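Peer 1: The lines below spell out each chain.
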Amino acid sequence: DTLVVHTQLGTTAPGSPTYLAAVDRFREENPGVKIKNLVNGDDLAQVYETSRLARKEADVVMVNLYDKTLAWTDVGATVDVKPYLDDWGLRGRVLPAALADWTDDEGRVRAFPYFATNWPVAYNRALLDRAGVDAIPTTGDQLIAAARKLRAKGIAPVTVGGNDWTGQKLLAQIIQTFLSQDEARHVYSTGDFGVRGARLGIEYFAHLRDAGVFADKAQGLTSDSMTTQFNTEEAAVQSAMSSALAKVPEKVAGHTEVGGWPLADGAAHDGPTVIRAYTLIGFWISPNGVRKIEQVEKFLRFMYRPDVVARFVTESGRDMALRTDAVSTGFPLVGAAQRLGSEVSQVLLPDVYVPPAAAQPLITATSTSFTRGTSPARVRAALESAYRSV
Amino acid sequence: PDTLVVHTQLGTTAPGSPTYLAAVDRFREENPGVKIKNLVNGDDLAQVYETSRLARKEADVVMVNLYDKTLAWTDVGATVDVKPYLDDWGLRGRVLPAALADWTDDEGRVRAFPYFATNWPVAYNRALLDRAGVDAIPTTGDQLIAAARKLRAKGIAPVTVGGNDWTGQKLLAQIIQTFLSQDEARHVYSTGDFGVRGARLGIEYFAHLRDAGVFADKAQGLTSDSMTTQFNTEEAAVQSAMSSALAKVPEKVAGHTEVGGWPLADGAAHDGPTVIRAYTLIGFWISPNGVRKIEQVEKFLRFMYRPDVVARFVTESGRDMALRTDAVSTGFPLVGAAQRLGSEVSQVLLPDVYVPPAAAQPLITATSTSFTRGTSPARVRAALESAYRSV
Amino acid sequence: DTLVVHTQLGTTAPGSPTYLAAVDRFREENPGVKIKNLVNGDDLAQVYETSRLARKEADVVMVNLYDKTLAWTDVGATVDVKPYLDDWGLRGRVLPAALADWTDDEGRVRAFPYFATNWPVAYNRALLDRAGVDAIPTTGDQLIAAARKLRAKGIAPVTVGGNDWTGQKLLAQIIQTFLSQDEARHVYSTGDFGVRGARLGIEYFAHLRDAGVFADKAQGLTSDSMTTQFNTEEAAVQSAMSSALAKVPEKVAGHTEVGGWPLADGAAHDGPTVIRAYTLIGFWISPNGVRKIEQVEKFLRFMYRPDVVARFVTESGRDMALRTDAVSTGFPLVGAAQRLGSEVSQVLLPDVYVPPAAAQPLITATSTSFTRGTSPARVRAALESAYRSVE
Amino acid sequence: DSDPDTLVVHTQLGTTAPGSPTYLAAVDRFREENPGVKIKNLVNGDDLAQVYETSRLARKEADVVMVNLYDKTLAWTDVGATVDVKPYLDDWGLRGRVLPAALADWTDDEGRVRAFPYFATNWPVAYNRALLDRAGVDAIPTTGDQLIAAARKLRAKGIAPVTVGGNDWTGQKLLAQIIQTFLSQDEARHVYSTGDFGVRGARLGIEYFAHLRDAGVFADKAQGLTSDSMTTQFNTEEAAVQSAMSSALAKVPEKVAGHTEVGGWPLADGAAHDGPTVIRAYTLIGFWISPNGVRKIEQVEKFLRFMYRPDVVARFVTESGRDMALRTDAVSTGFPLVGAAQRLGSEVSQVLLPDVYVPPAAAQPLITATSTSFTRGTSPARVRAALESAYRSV
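Chains as they are written, first to last, in the authors' numbering: chain B, 40 to 429; chain A, 39 to 429; chain D, 40 to 430; chain C, 36 to 429.
This is chain B alone, in the form it adopts within the complex:
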């Protein structure tokens, strides 16, 4: 009757140190409580399902929302937490958008939201100064002339991993310039880049690209090339997860500012965009958990405490799906992105909606798209073909 938690945190996963400290804190606070952790990585859902069929499954699970766990709630492998969210009175602790993203098409709340991600654009002021620029929120001369001026001084503009996930996400964000979230969800879950908003998004991307906004040979770059270029100051801009901006050398981060991606005239947003997801690790409750619900509520109420939540923000520079006044003012760029607010508009992280079979092909088509000169028609063709399977 010890509380057993099947979680992805405990070793190499981000936020692990603070989670272990929380578990040890939890024990000091509740001397008699027995809590045990079962750590698994990418194969946690598979391991959880096997123990579930054997009726030996953990009481609480900590994993993100993706392909496999997106089906748990309907098959009943995991229970709808809304009842507990209400009874315990923790509903109000969750950001409104976060709670929505974690709710069924039906009314069910898949899990207790916890982790999230801020994915803004970092601008190197010193580098923009060396040229003749200032931050930029506009498509034209602003993003493009800034790029022309940076290049004029032998400095790469925006660096991005054209041949991997970082590129796949930037392409999607830019295309989203003319797509509101509801629309992007359709585009990316079906693979219909033939919609007006998407065609305008693709054209926009194609225009910036052909003007030299991205580093030379971006189509062949990766997350490594990207972060190395920005960290050594060979490029002036980079759209990256706050978690990645967390490792920008102190020196470089001192004269670095975070914002959104420059808007094009006629955009479906009122401010430079940034990517935002609230579906990273969350707390799920299992059938075994319900039979041990009082012990579960103890643990979750503790994890939802501002006290505990601020620690994840403060000590591990984590973005959260819960309401808190804490800021990662220890991971400067991270803290700065959390302070953004309303001068930037939110766009989707395609991950959850993109069918798994279209994932790798979507990256190969992105790499084809970042190729200087590739017509919008071919861009749309490559992208859509990434969905052949389906």
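For the record, the hints were derived by calculation from the structure and aren't laboratory data.
Accuracy of the hints is not assured; some may be wrong.
[Unchecked claim] Derived CB-CB ranges, DEER-like:
| hint | chain 1 | residue 1 | chain 2 | residue 2 | range |
| --- | --- | --- | --- | --- | --- |
| 1 | B | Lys286 | A | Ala174 | 53 to 63 Å |
| 2 | C | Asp125 | B | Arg66 | 39 to 49 Å |
| 3 | B | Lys73 | A | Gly412 | 52 to 62 Å |
| 4 | A | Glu336 | B | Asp82 | 52 to 62 Å |
[As the list claims (entries may be wrong)] Derived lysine to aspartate or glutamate pairs resembling EDC-like cross-links, with alpha carbons at most 20 Å apart:
| hint | chain 1 | residue 1 | chain 2 | residue 2 |
| --- | --- | --- | --- | --- |
| 5 | A | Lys73 | A | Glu336 |
| 6 | D | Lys73 | A | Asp364 |
| 7 | B | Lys337 | C | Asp125 |
| 8 | C | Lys73 | B | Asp364 |
| 9 | B | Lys337 | C | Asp255 |
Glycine is no exception: its CB is placed at the ideal position from the N, C-alpha and C atoms.
Put chains A, D and C on the given structure of chain B with help from the hints.
Peer 2: Relative to chain B, chains A, D and C alone:
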């Protein structure tokens, strides 16, 4: 319920679907009272199946290949050991020995009934070679380079390949295995240790061929599509490809096209040009639910294992089989030719089942970087190895 | 790779057309596996035994279960097929009663059942209507009343070959009116027609005979005059194998119905009765056939496919020993007989139980019994004297 | 005051009251835990109840009150100056964290829970071994006969036996405990509420008491002693036995405490307890919620879940040496006799603390009647008459 449910990847677009549907309809004519239903799913079958298993409504029989997601099925019991059925039904023996071995895990359990396989040879367009002045198919590296330079001299691309997707990915692994026995290869692609003498010897060989212009210009950016378009429109003279892709080579082109293996470097760990081969594509799995309808499963699997049914897949769809057959895909020239290839070519490993799921995508990325002309063997080795850092 | 089959099918035997299509299809489904048929009729057993002496016996035999083949299993001329029935998963294809009839007392299954026979009674309703008989008789008295009315109109009543096997079997069937299958097995094994059931049936027979239920001078008729009399509508009733009913002219079959033989009070059956056996042509495996049971496996699985079985029923008008849903509607009377079921009781086909030395004398004694006026005592005497040459 | 995110607590803790040091630390810890919640403390002693009522009538009373259960606060629940807390003990599963007896004693006739229990008192009997050894008594007395025998032996070496302030609250509580040798919880409830010392149980107990006293079980002149006399006599080791609140036992000089053992009061034949008996009360400072507090019930939620958290409870026990009304595994180790009293189990029977049930009008006269009763030779009839006369107001 009393009706066999088959969860399969065949039925619509998957290769062999047309024949599978005939087989099913044929099965129904041979057994007037039997009820059989099909549940179709592509790359997401494994996921849809595991979910039906949670609902306790999983299909009785499963038709999917062996890859990272299904590799863990037998040990956790999501799917049962098929050995006692293969034996009791007297079907072992219909299976190619090398196929049965590849489908048996470490504990000696047979994961599933083997069915589909793959010949993955090198196609050489003879008219393009003759046009350029290469009068024979190259069997050594130097001959390959010489032919490559000659081809380029006539404005013809030598070897086409999707340097930025799965095709270039396996070709790189294949060329590297020029100096790796299959055992050594399993170890390399399993552990991500490209430091072993054979792997460096292969990486070096690959870099030499590449820097010599053996692959089409800008190959690091091509895809399976660009590759097959280039070979089919006769813009490139050589192409390594699955039997399935070769089955689609336009008639006129297939006419003056012959198959062989990849040219060997001196000191090679094989006796002749290499070709890829696997026996782990689609096979028949039995779920716990299936065991409750075992006599129904039995009637369906022995029908599927019948010589004349297997021959139809070979003869009519042009598939390669994991089972013993006298059939040859004569109706798909290059495929039939790849099936007749004997000891004049050596088989190398298709890395897929040994590669950790986390190193897969990165490995594709590291491949593109590697096809780029001038990338030192040291850097190729580093990119390949970094693909395994997330495992 | 060559299966030799010693068969009674292939030329004039019923079901030959379908057997040959089956063989041709089997090849079609199994190229490389040759099938060689050795055809023989009635004298197959002897020719087979000579083959055994030469030590070049056929692998599979297709023959009837009668005196000569009944000794085969015990001397090992043919092997027990039970271990092949179970383990090949064919057991369930066999009608329970049929499997039992093919099992000796050591529990050995002599052969794989295949052919069978429904032997009912055909009633010409047109002739019945011509006379004043409105309904098919169900009791001895109704039968006699119907025979009287038929004769008043000049129409012969029950035609039968009183001097051959047809008369032989109908007389055994009439007597069994008061005998259970087991009691009848003892009677025809022993030659003991003194049991209460045998004498009660013999008198019932005498009564019907003395009242004119049979055509005039029936004691000297044969299967020939019998079927000729019915096909030309000179006689209105005929008890006969389904195989002979399929030969009835369409115009006549058009107003013909099948049922059983009218019961006498105190009968030992729910009746009317019909003869039914499951021991006609079956598949036997010889010692040579076991040393290559691989090719035998395919052949019997093929022959036992509902698929093939239906062709025999539907295409040749064959009654089968295996379960089927098919009915020979192209041979109406056969189809009708196959559809009888409940309202008819099945009696014994004596043949297998009759010692060979009593076979012919039993026919002779049958002609005597069909002579009007021959007392029950004399009918019993002749019947029992048929067994004087046996132990 | 007033704004949400501002919890105002009217407490008797904060300065001289026992547990104040640990309460302050808990408040500051709570603040560290909830940065966005301001906490204000209004401290008052004996007049908190009066001050709270004046605030309640002006519609600006604190959100949470921390007071014990006595005459005045005993009237808050029915008139609504304070809300029923049972609905709350029930949600957020806090009941179960409360000792069954504690929760019962804090529940009125209507099944309403006046407050969240928190502080309690263990009131056992301490026996000085060093002195029992000098006298020749090698075992702590368990029965009235043995107690008397130990008293004799003790006096023979010139050592006073049981010391107690017969002219103040100590004497009045010990007399009531001894009389309770023959009274169940409910019976003692009736006896001290109505002043009816005629019930057979009180009559028997008064005999027992008179027997012990006449036998010289108490120090000479106990009738005129006080809590100070008592505390002094035991600390300088002039007397070997002393019944007293664990809070007083916590101040026993460590040298003396080293060889001191705690138990219960010896039983007479046919007592109403498996005994020996020790006094236990669970109605010292508790948490009350005001209507204003109900408005800020979300803030009150945080505060109460905190105070009821095991680690916070254990600090009160460990760092302050407080007996609690909630379940704990902690023991007042740093205050030896307190920890030993807490570790006492079934080998000691609980009797009641009269305080809550004695009409205030009888409180002072009951002490004066108690002094009279401790005077040797005073008939059981006179003891009973003096006790009953203490209730002349009713």
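Peer 1: Hints first: check each against the structure and report whether it holds.
Peer 2: Now for the hints, and whether the structure bears them out:
1. Range check, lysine 286 (chain B) to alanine 174 (chain A): Cβ separation about 56 Å, and the 53 to 63 Å hint holds.
2. Against the hinted window of 39 to 49 Å, the Cβ-Cβ separation of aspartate 125 (chain C) and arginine 66 (chain B) comes to about 27 Å, which falls outside the hint.
3. At about 60 Å, the beta-carbon gap between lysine 73 (chain B) and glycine 412 (chain A) stays in the expected band of 52 to 62 Å.
4. The beta-carbon spacing between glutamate 336 (chain A) and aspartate 82 (chain B), approximately 33 Å, falls outside the hinted interval of 52 to 62 Å.
5. A threshold of 20 Å between alpha carbons decides the hint, and for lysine 73 (chain A) with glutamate 336 (chain A) the separation of about 14 Å falls inside it, so the pair holds.
6. For the suggested pair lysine 73 (chain D) and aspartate 364 (chain A), the alpha carbons sit about 15 Å apart, so the restraint of at most 20 Å is met.
7. Simply put, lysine 337 (chain B) and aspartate 125 (chain C) have alpha-carbon atoms about 15 Å apart, close enough for the 20 Å limit, and the pair holds.
8. Distance restraint check for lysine 73 (chain C) and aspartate 364 (chain B): the Cα-Cα separation of roughly 15 Å lies within the 20 Å cut-off, and the hinted pair is therefore satisfied.
9. Of the pairs offered as hints, the one joining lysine 337 (chain B) and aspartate 255 (chain C) is violated, with about 57 Å between alpha carbons and a cut-off of 20 Å exceeded.
When held up to the earlier numbered hints, the structure conflicts with 2, 4, 9 and fits the remainder.
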